[PDB]
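Work the whole structure out from these sequences, hints included.
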Amino acid sequence: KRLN
Amino acid sequence: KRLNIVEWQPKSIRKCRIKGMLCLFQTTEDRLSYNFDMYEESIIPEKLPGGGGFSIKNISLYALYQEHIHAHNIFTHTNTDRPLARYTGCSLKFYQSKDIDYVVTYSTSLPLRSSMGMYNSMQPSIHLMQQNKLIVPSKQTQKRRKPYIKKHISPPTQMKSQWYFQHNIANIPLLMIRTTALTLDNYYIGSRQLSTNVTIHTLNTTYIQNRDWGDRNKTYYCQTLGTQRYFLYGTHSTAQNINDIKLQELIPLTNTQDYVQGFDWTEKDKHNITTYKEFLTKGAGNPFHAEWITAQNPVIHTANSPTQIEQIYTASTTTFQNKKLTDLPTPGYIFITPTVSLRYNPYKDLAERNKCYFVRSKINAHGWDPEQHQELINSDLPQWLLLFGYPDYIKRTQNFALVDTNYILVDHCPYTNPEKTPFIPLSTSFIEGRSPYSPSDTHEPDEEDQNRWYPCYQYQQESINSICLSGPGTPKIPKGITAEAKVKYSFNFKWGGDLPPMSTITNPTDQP
Amino acid sequence: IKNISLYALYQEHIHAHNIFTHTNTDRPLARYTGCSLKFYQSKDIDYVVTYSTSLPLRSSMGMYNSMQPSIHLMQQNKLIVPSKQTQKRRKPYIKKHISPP
Amino acid sequence: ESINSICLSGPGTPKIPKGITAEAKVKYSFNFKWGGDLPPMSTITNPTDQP
Amino acid sequence: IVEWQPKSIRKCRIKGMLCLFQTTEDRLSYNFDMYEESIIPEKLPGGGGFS
Amino acid sequence: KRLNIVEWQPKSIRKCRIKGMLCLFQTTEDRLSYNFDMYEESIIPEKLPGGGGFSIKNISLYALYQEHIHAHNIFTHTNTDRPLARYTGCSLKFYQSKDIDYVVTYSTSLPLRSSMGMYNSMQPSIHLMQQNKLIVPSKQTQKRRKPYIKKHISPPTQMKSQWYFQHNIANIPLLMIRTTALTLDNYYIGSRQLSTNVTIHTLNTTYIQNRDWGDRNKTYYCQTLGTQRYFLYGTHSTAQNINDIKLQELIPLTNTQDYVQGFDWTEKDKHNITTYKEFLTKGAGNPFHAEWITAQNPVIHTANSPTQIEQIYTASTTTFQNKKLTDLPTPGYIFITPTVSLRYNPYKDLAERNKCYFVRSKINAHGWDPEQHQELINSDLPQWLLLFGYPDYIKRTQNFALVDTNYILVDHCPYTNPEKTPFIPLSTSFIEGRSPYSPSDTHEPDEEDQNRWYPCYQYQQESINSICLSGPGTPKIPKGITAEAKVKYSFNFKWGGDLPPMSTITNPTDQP
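Chains as they are written, first to last, in the authors' numbering: chain A, 48 to 51; chain B, 48 to 559; chain C, 103 to 203; chain D, 509 to 559; chain E, 52 to 102; chain F, 48 to 559.
The hints are simulated quantities; they were obtained by calculation from the structure and are not laboratory data. Be careful, since some hints might not be right.
Quick partial rundown of chain B residues pointing at chain E, CB under 8 Å, derived from the structure [unchecked claim]:
id, residue
1, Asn51
2, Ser201
3, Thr204
4, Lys207
5, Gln209
From the three backbone atoms N, C-alpha and C, an ideal C-beta is built for every residue, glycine too.
Okay, here's the thing in structure tokens:
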């Protein structure tokens with residue numbers, strides 16, 4: 048979904 | 048080894064939900080195959096209550112600000128003194144329309160571009176087959192617990208969770224919505240009447256090829272073969288034999304730019320005509336007038352130039368009475384119709400040699416071959432899919448001079464029962480002597496269409512819409528009804544900055 | 103009476119009436135697993151369906167007479183689809199899975 | 509050839525017989541991912557296919 | 052800092068073989084380029100002993 | 048709902064492992080780019096100790112029986128009275144060769160066919176890049192614990208575990224093995240000597256185009272332009288100026304089919320010649336003789352036909368002494384060489400307009416354009432990859448008349464430093480007047496190559512092998528050494544049937  | 052990238056949060060932060068309503072399309076049946084823009088090419092809304100049956104919308108923070116100038120949205124918090132923005136995503140609520148169903152699909156690939164395959168894939172049956180579609184039935188086709196379908200859309204993958212200056216992200220398109228109008232219950236029949244076959248009108252390709260249109264300063268000639276020029280003449284004569292018609296009966300065509308019928312040499316004394324030169328200028332007929340366009344009154348095609356007829360008249364006016372179509376110079380006098388009507392059946396179409404392109408209407412160039420942009424040629428789809436949104440892809444591409452009067456749409460299709468090598472589709476309104484979207488009670492163009500009364504894309508529009516309406520999924524809309532669709536949006540932002548200034552009001556002079 | 107074959111499905115793809123979720127251009131083997139049908143309620147008309155998968159395909163005089171709406175409605179393993187007018191439903195379609203021949 | 513001969517006087521420089529070419533190679537594997545929205549695709553007739 | 056992963060992803064290993072040098076004794080002090088100054092490979096079987 | 052398919056096992060069953068040894072290739076350096084067949088086109092093994100540096104092997108139970116007739120395998124159990132077979136798979140042991148490395152890959156897709164991309168992908172560098180390769184280093188490049196690599200191969204997916212009649216499965220190919228000869232330690236240099244550039248000989252395309260080869264019954268002419276024919280003449284003259292050479296000095300060419308040099312008119316009295324007609328028949332030179340092929344002694348190109356020279360001689364033999372190349376009919380006397388030498392560099396090749404095809408050598412057709420099979424044209428790969436195995440793909444395709452003498456290989460390549468529009472590669476042996484694979488101490492063709500001494504694929508073979516040897520991964524093999532590779536196979540079968548009959552031997556007359 049979302050990553051650092 | 049590797050570290051997370053980290054940002055330091057700004058000193059003051061204010062959440063803002065930009066909330067509002069967006070029109071997806073508003074359409075009549077005669078506009079279903081066209082793209083709806085709410086902000087128009089200024090002729091489109093003149094006597095049309097809906098401009099198009101599909102749209103592609105791009106949404107950006109600047110477009111959201113422009114919708115706030117139209118009062119179409121609210122900003123839950125102002126942004127005046129916080130210059131940073133942090134976009135978090137969108138919520139859409141798609142509402143069931145009363146009378147029409149519709150397919151939506153959306154994208155957030157930050158790279159924004161248009162494609163010929165995208166515009167063809169807007170065809171309602173093709174769009175309804177795509178993955179990650181949303182179908183919204185009308186309230187008539189399905190009653191539901193919730194009258195809307197709601198979904199959340201994440202930012203573009205290129206828009207990271209970081210803060211950005213609002214000046215930088217203002218024009219970045221953060222959402223694309225694609226919508227097309229549909230019927231589920233009339234999917235095959237659509238708006239068909241009587242036979243499955245649709246009738247297409249076209250310009251005879253085998254005689255009308257010179258494309259020298261839209262001047263009163265040029266005697267019109269329909270084709271060149273070898274070194275020759277060929278010419279058309281109207282007559283009201285009851286004569287059964289092409290040989291015995293007089294040199295007088297013929298009404299020569301010296302204009303294409305007007306709706307004017309011309310008149311016969313028997314009206315010489317009504318227009319104070321002294322010579323065949325004044326008969327040519329006052330009395331010549333435009334070949335596209337409502338009786339000459341389909342030869343309701345006979346029309347004669349010949350190699351014999353009007354200037355050879357001028358020489359016969361001017362050499363002696365008394366022998367112009369005596370001379371007939373017999374013993375004339377180059378006398379290829381035949382009976383030819385400028386229009387032919389084809390029958391098209393969509394179920395008989397196999398798309399093996401189908402093709403479609405635009406050619407320049409106002410230029411001095413012969414023939415109909417694909418010319419100019421060869422990358423804009425659209426091929427190998429059935430005509431109801433091949434034509435769908437293709438004119439709007441071409442307009443949005445801007446590789447042609449924009450005005451409908453300066454181009455013609457030309458298409459090849461093996462699958463009409465009669466044939467012409469290319470087809471030059473023409474709308475029933477132009478075949479009946481009426482403005483492009485004018486009601487049938489009218490029997491003349493309006494003044495701006497009385498000018499420029501010659502073959503061009505502006506007069507083709509209803510014919511290619513009618514071919515697209517032969518395709519599956521296309522809706523049935525009663526005449527005088529406009530179908531509409533809307534979404535309610537909520538874009539989620541934060542505004543960031545250092546603390547802003549503020550001001551205050553006197554206590555005594557305040558809400559009493 | 104409709105007969106469906108993989109070649110008829112390819113012909114419907116030439117009419118743009120279907121999608122293939124994956125192309126077959128360079129994989130010459132096929133392994134058919136069965137079909138799902140969703141039959142939709144029409145707006146104005148009801149209709150009886152029945153289907154078969156006996157690999158032997160043929161037509162008969164008794165088959166064509168048995169298409170008469172009253173006779174077809176009496177047959178076993180019919181499906182009746184009422185119009186939206188004759189019955190409002192939770193799901194606007196009837197769905198069933200059909201095994202290979 | 510004279511400045512090559514001066515460099516050959518320096519340490520570590522190899523001895524290669526005349527008419528022999530010495531060579532070295534590496535095998536590489538660069539690791540990438542490609543990203544995008546879903547692409548289009550096309551298909552082949554069943555009757556005219558690998559028989 | 053966080054990124055949102057793209058809709059479709061496809062791993063690709065670009066695999067191959069690279070020549071590090073090909074040299075004779077009379078070219079040891081020179082840089083090997085495989086794509087040449089067009090005179091260098093004329094009557095030399097190896098262009099350089101380092102790269 | 049669904050059931051497993053079940054078979055009833057036959058009354059008697061006998062396991063049989065067909066065990067043996069298969070040659071993968073046996074090659075010299077001058078055969079590396081060609082397919083090894085152990086059972087030959089009968090000319091190939093004549094004075095070649097190894098036929099090819101790659102192979103494609105198909106194995107079937109009938110091919111295993113044919114290898115038993117050569118005594119190359121054993122059957123662990125006979126099949127004489129059990130007609131059913133149940134194939135279970137194969138074990139292969141690939142042995143390290145002493146002197147050469149090699150890549151293997153194998154397939155069991157029951158559908159068996161050949162492809163142009165398959166034969167190009169046999170190139171050692173390309174095959175070494177493929178997935179599911181096996182690399183076998185030589186004993187020199189790597190010492191190993193086990194001197195072989197062993198792997199088990201399952202039946203074709205179409206060959207199920209069921210019993211089959213041996214008559215039905217006999218010809219079904221149950222394994223394909225693809226092998227190519229390689230070097231890992233000489234991967235880039237290969238067998239390069241001196242410069243990276245390789246020299247290619249070719250027929251001048253701008254003068255040699257008529258392709259009317261291999262008759263002593265036809266006066267040869269090299270090109271036609273407009274209505275004209277152009278002709279070649281040899282001379283031993285020391286004359287520096289093309290204008291002053293006599294009509295006598297020229298040695299006209301009336302044959303292409305022979306190795307013969309011809310002779311000068313000064314030898315009239317050695318061959319009892321009475322006329323220029325007898326000089327034409329006895330003394331004419333073939334343009335491809337070892338001195339005329341590269342014009343070691345000068346060669347003259349002209350529009351002036353030998354029959355115009357016949358008319359000058361026969362009209363008066365005394366003025367044939369007086370007449371020079373000045374004031375002759377159509378005198379385009381120039382100095383032209385039938386051969387040019389190009390330089391090719393593989394690292395300078397970008398494959399943007401590379402192309403390759405075969406044209407008919409023994410036909411009366413002008414020019415070099417791609418002709419006949421347009422699907423056999425090979426394009427857009429670097430010449431060392433484009434040529435690799437392409438002649439063998441064409442031979443195995445059988446779409447051309449099979450004999451090397453009846454076709455020429457023609458290729459386009461922008462990347463030679465000098466250029467010719469097509470190239471007609473020719474081997475150094477044909478450029479030096481020697482048989483296709485004959486040792487350089489020889490200075491004449493053998494009798495069967497003294498006949499048919501004209502441009503054809505049989506004389507091109509070593510030149511296209513030399514271009515393939517410029518490509519990476521191609522091995523270095525010393526002259527007079529043949530490199531070889533072998534696999535040991537074990538195919539696993541069962542034989543099935545009803546119980547067979549048997550016979551017995553007397554006890555008294557038996558092993559004493």
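For this session: Go through the hint on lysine 207(B) and say holds or violated, using the shortest Cβ distance to chain E against 8 Å.
Result: 5 Å, holds
Problem set entry | Restraint outcome when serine 201(B) is required to lie within 8 Å of chain E by C-beta distance | Cβ of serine 201(B) sits 6 Å from chain E, so the hint holds.
Exercise. Once the shortest beta carbon distance from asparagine 51(B) to chain E is found, is it less than 8 Å?
Worked result: At 7 Å from the nearest chain E Cβ, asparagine 51(B) passes the 8 Å test, so the hint holds.
Exercise. Taking the closest Cβ pair, is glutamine 209(B) under 8 Å from chain E?
Worked result: 6 Å, holds
Problem set entry | chain E contact restraint for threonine 204(B) - C-beta distance below 8 Å | Interface hint status for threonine 204(B): holds (5 Å vs cutoff 8 Å).
Every hint from the earlier list agrees with this structure, and none is contradicted.
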